[PDB]
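Spelled out, the chains give:
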Amino acid sequence: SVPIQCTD
Amino acid sequence: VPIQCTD
Amino acid sequence: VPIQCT
Amino acid sequence: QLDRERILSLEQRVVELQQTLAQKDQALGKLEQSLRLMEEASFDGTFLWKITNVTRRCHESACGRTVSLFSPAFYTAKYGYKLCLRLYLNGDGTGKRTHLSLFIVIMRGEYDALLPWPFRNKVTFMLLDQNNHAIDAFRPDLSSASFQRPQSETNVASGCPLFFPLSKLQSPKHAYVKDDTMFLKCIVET
Amino acid sequence: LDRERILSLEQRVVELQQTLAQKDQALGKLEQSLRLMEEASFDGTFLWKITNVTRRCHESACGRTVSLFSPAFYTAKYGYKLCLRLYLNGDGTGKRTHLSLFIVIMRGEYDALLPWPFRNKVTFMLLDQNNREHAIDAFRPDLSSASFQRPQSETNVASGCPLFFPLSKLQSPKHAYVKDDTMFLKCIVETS
Amino acid sequence: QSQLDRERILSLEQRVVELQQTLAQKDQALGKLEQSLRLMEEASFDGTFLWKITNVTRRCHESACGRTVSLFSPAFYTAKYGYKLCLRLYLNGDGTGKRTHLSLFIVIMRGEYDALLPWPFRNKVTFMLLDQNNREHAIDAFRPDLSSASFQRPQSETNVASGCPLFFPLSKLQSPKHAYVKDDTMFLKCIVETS
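Protein chains in written order, with the numbering used here: chain A, 9 to 16; chain B, 565 to 571; chain C, 5 to 10; chain D, 21 to 210; chain E, -2 to 189; chain F, 28 to 222.
No lab work stands behind these hints, which were simulated from the structure alone. Worth double-checking, as some hints may not be accurate.
[Stated by the list, open to error] Not everything, but these chain E residues come out facing chain F in the computed CB check (under 7 Å):
id	residue
1	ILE3
2	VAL10
3	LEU13
4	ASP21
5	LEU31
6	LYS46
7	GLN126
[To be verified] One-sided and incomplete, this derived list gives chain D residues near chain B with beta-carbon spacing under 10 Å:
id	residue
8	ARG106
9	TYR108
10	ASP112
11	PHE123
12	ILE124
13	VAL143
14	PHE158
15	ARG159
16	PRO160
17	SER166
18	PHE167
19	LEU182
Cβ coordinates follow ideal geometry from the N, Cα and C atoms, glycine included.
Sequences are here, hints too, so could you generate the full structure?
So, in structure tokens, the structure goes:
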């Protein structure tokens, strides 16, 4: 339940 | 009683 | 306290 | 010679601009209509239909070209059933020349793949009286194709063909048609 | 006979410019309609975002801008049609001294079914971008005033608070009533 | 007159050019208005959003080919005056989930009222892949990472998309117990804690 950012 | 329309 | 707009 | 050729080219360009501009005008019409429909929609199973020019539409049902009138679509929920109303001011089937007919119409929804079928939500119709009230209600016939999952854009309209006598609408004691305007209220239980 | 063809072309070109201009106008009106639907509220609570506050204050200080009309918001999907009238320059007893915030009862498509006169309590609120202490006023509609009767025209005469908020306190930095040329008004109409 | 006819022809050519340019520009404006109406029709304001993806095989092949790297959902909101949100979907996958999983991220967008909302974003976010047979939905959920700049007040119109890669393995799409893709369509559902 921890977000993982995208490659952008 | 719901009755259908003649469409 | 309504006041008519003038 | 060549100047006249320039004139001809300008003529062709002008015609092209005329027809193109006409197409853009049609697109504007479609967009304005879609905007109106989006404005009219409700998303809680309750819908209030305002019919204007009731007399002209009555002549447009007894002798006019329009067989029936279709309300803007509404929904039981944001991702619920898509529904609309079909109205016969001069009546339909048995109801014609005596009553006004009012049918619910289950329309093809973008989320029908997630909805239960057949549609069993109780439906309630009302004719509103400003002076204050007609009302009917029914459980949907689950054995009819009207309430199965739509295979087309809409299913067969189903409801009450003897919803309201035409004579009582003209009557003065009630205000069902006030200023050539009547209000039909549909409540789909959720 | 090139003159005849050239004059006919001139006619059709001027016609295309006129009609094209009318279509551009209609398109602009459609865009404005979309903006009006985007900011319409149907629960009696409306939040009004005023941008370019300094510029609009200069416009109100001159004769070109008198007041601002908020987008229409509704007490319910089939309820009363309302909008707001804002004087950044003031009005009446509040001219040149206060913000004047009035409410406008408009002609609704379904108001033939609504109770009259309009009696719902009205609450105005100038919002502090900071955590607290934003300005709050509230009033009961004067039922004897013609501004709350059923609209026999498109809109009734606005009624509200001409002394709503002092213009002097707007400049003060203790409260963030204006931040980046943007302030927020809030109208809360009681459910009834 | 010979001179008058040449002058009128030339000026008429200029007028036709002006008309073509302006007509094109207003056509583009009309397209933008159409897309905007579609966007506000798709929007929801209660924190939940049901994203319908049609032609899943074609779009998936476009993601594997690279023609469309990711997809963006219409913007939805937690409230009428709450947070502007949307979704970013990688069919091929992003990062660790690349080529193996569906990668599903939420996007905090610059809402018109961000000044009145508390920051950083902290509302619990729930992603679901809906089984059209109602056997088993694919559910994941997370609390927003406060130290990440993806959940702060947006400076531009959009923050860096933040969510869960590896949200759903592509092998389970064509699952024997239940197919999440039915009639070449699938449904993603996002539920944000509106409190």
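### Message
If you test the structure against every hint from before, which numbers come out violated?
### Response
Of the numbered hints, all hold.
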